[PDB]
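The lines below spell out each chain.
There are 2 protein chains.
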Amino acid sequence: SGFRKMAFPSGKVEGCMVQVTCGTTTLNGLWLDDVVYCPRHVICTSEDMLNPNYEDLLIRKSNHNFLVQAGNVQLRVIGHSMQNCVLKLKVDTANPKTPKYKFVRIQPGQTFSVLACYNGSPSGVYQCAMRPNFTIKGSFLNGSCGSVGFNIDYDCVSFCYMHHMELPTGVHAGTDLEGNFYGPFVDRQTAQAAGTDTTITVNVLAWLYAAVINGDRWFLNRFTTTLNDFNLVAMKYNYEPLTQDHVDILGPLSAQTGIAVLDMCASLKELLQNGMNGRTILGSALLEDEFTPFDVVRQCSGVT
Amino acid sequence: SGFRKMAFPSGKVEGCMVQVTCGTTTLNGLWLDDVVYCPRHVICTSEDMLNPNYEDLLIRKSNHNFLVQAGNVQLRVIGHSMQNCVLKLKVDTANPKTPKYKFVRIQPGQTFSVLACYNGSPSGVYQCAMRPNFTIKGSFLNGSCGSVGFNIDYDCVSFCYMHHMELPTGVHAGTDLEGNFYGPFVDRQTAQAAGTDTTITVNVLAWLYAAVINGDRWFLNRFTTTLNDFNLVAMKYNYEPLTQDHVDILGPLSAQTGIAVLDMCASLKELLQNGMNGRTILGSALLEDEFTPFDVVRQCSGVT
Ligand SMILES: CN(C)c1ccc(N(Cc2cccc(Cl)c2)C(=O)Cn2nnc3ccccc32)cc1
Ligand SMILES: CN(C)c1ccc(N(Cc2cccc(Cl)c2)C(=O)Cn2nnc3ccccc32)cc1
Numbered sequence: 001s002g003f004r005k006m007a008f009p010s011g012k013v014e015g016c017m018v019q020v021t022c023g024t025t026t027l028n029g030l031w032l033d034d035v036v037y038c039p040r041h042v043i044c045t046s047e048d049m050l051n052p053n054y055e056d057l058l059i060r061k062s063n064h065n066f067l068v069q070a071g072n073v074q075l076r077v078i079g080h081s082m083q084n085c086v087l088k089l090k091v092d093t094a095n096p097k098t099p100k101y102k103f104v105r106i107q108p109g110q111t112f113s114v115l116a117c118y119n120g121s122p123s124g125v126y127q128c129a130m131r132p133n134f135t136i137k138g139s140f141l142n143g144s145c146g147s148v149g150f151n152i153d154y155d156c157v158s159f160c161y162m163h164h165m166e167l168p169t170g171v172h173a174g175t176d177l178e179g180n181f182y183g184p185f186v187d188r189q190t191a192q193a194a195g196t197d198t199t200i201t202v203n204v205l206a207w208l209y210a211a212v213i214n215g216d217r218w219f220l221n222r223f224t225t226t227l228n229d230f231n232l233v234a235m236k237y238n239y240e241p242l243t244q245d246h247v248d249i250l251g252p253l254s255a256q257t258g259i260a261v262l263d264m265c266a267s268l269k270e271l272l273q274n275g276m277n278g279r280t281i282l283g284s285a286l287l288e289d290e291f292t293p294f295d296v297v298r299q300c301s302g303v304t
Numbered sequence: 001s002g003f004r005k006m007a008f009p010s011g012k013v014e015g016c017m018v019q020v021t022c023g024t025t026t027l028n029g030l031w032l033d034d035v036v037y038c039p040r041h042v043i044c045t046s047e048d049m050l051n052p053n054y055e056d057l058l059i060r061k062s063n064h065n066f067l068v069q070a071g072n073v074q075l076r077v078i079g080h081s082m083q084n085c086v087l088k089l090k091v092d093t094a095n096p097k098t099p100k101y102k103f104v105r106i107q108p109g110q111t112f113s114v115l116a117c118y119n120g121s122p123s124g125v126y127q128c129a130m131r132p133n134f135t136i137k138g139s140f141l142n143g144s145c146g147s148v149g150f151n152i153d154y155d156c157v158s159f160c161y162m163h164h165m166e167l168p169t170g171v172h173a174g175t176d177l178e179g180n181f182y183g184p185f186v187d188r189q190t191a192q193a194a195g196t197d198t199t200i201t202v203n204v205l206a207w208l209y210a211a212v213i214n215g216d217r218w219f220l221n222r223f224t225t226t227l228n229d230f231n232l233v234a235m236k237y238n239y240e241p242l243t244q245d246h247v248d249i250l251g252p253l254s255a256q257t258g259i260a261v262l263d264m265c266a267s268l269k270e271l272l273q274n275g276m277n278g279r280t281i282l283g284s285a286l287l288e289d290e291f292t293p294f295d296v297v298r299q300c301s302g303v304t
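First to last, the protein sequences are chains A and A'. A prime marks a further copy of an entry chain.
Reminder that position 70 of the first sequence reads as 70 in the authors' numbering, one-by-one numbering, no gaps.
Reminder that position 198 of the second sequence reads as 198 in the authors' numbering, one-by-one numbering, no gaps.
Among the clues, some could well be false.
No copy is singled out in the list; a pair is fine if it fits within one copy or between any two copies.
Result set (DMTMM-like, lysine to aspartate or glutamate): computed pairs, CA atoms no more than 20 Å apart in a straight line [what the hints assert, rightly or not]:
| # | residue 1 | residue 2 |
| --- | --- | --- |
| 1 | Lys102 | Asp155 |
| 2 | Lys97 | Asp153 |
| 3 | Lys137 | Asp216 |
| 4 | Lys88 | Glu178 |
Honestly, the hints are just simulated from the structure, not real lab data.
With the hints as constraints, model all of the structure from the sequences given.
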């Protein structure tokens, strides 16, 4: 028992982290096979970021201007192309540490692990989620750009995120591994409003199921609710609407605990209307939404 | 910016994880050089755990009874010995993935990353701390025994913990890599009272410094305090006493923010006496104590 904000083992991803330098800008790159993926803003100076024409700035760059260093050894750039907001640097050597991989674009509410890197070197690993407003509440400093977000299914690493920027509000924005930004964000230094940060309702419910599985049962009440009634309360508290798909997704946790999904909803409704009253759930004083139902089942069953 | 419960990259430790089977018991082992370290209770059945005589149970075991599997390949056991509550299985092959390593016994208040494993396979990685009562609030299931807690300083992995058991209260107990249990715990299935779980005061202060560095400043007040006055309040709230050593340890964070340690103490004193009032600090509704001053400086500076 015990419930932790658990990240995937980062080893498979550490072996892909490289350093990319273009001009005076140094950031991180992901080396899978003979291609190095990195944020296209590697070609910019901090002054270029105000109003960049990436296609124009790119014409002034050749293969020999992109310095790729894997560990302490230089890689040879034999090609370069821009795909949306990422650069694909073709190197002459396939990464001998390349895991089985997929590039997946995740939806808001989905969680993933981030391996924060500086100069191609992994600094740390933490678990976070794509917010309903397409930002991530990460921990990134200058030089972390090109750090990736990922999931693992046994041996296959599914890359879902690459870090690009910190919005003025301290939140983070990035792309999927095809260069497409999550949400309406652009790689331009202009104030971009993040949007309403709603709570991922299905994930809070999953986390209430994890709490019951792990012994924390104080919040369990004698009430039930309907999806329509619950959603009225959820709207009021800036919680995402709960759908019948979310109810089905919570089926396996509902079976394991014997608590019907709408009974757990009524419990959640009371926690929103009454508060925690100085109490905790899984050592937390707030309702946690960065654990999906798949994450709870995974952590509670011991998937490796 | 952004502050996350960040774990060390787990790659160096994943390459040391092996599966140890003795009789019908299967748990994890740490393979460094030609030695596999594992909990001595690998020789027990769940019935033996009630009243085990490890030295007696051990006489009935030979090298060929300890099945060590690294990935999908078996390792040859050429020796075995018991050191306190750990078994050292001498194998005929040195781990080719052995990192630079140290075995260190940590003090309460210190944090480390745990790589939760099942059958020698890493399942996840999370950051936790040795509590003042020598337990860890981990996330372990049956079969996780032998999972290790560690720190990294560039390339040297300092192993500090090996998981042994879950106390009836859902908390965890284990040893250092020399087989010595943290605290008064014994590898025997008898109810063991964990002891008072106090808050690591120096770590809460470090985390308040991280919040100021990351923009959360609402809790900053116009007051100061003395160590003696602060400790009166800290005692009342089951917080560890703050020493002059802790004040010195918070020096670099006090310099970086311009907030004197006793001014931050007065801020902490008010948070304890008044509560958060429905507000958050670094996205948390409670005072976080599982980040040391070294962890804050590390995460805020970008150590790789
Ligand atoms: C390449 N170049 C010199 C450069 C320089 C600065 C940036 N920016 C500013 C910026 C640009 C574009 C858009 C928006 Cl909203 C902000 C970042 O936000 C980069 N960044 N990412 N995570 C960070 C955490 C802390 C500090 C900086 C961080 C990008 C590129
Ligand atoms: C080898 N053998 C068959 C065996 C079987 C059971 C255990 N015990 C019981 C136990 C023994 C000793 C002391 C105390 Cl307080 C409890 C554990 O606590 C083992 N364990 N570790 N983390 C866990 C999380 C969930 C479930 C079990 C977990 C140890 C050894």
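Evaluated hints:
1. Taking the closest pair of Cα atoms, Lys102 and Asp155 come within 20 Å of each other only inside a single copy of the chain (11 Å); across copies the shortest separation is 29 Å, beyond that limit.
2. Taking the shortest alpha-carbon separations for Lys97 and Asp153, only the intra-copy value of 17 Å comes in at or below 20 Å, while the best inter-copy value is 23 Å.
3. For the identical chains of this complex, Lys137 and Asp216 are inter-copy neighbours only, at 14 Å across copies versus 27 Å inside a copy, given an alpha-carbon limit of 20 Å.
4. Proximity of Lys88 and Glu178 under a CA criterion of 20 Å is satisfied intra-copy only: 10 Å inside one chain copy versus 48 Å between copies.
Consistency note: the structure conflicts with none of the earlier hints.
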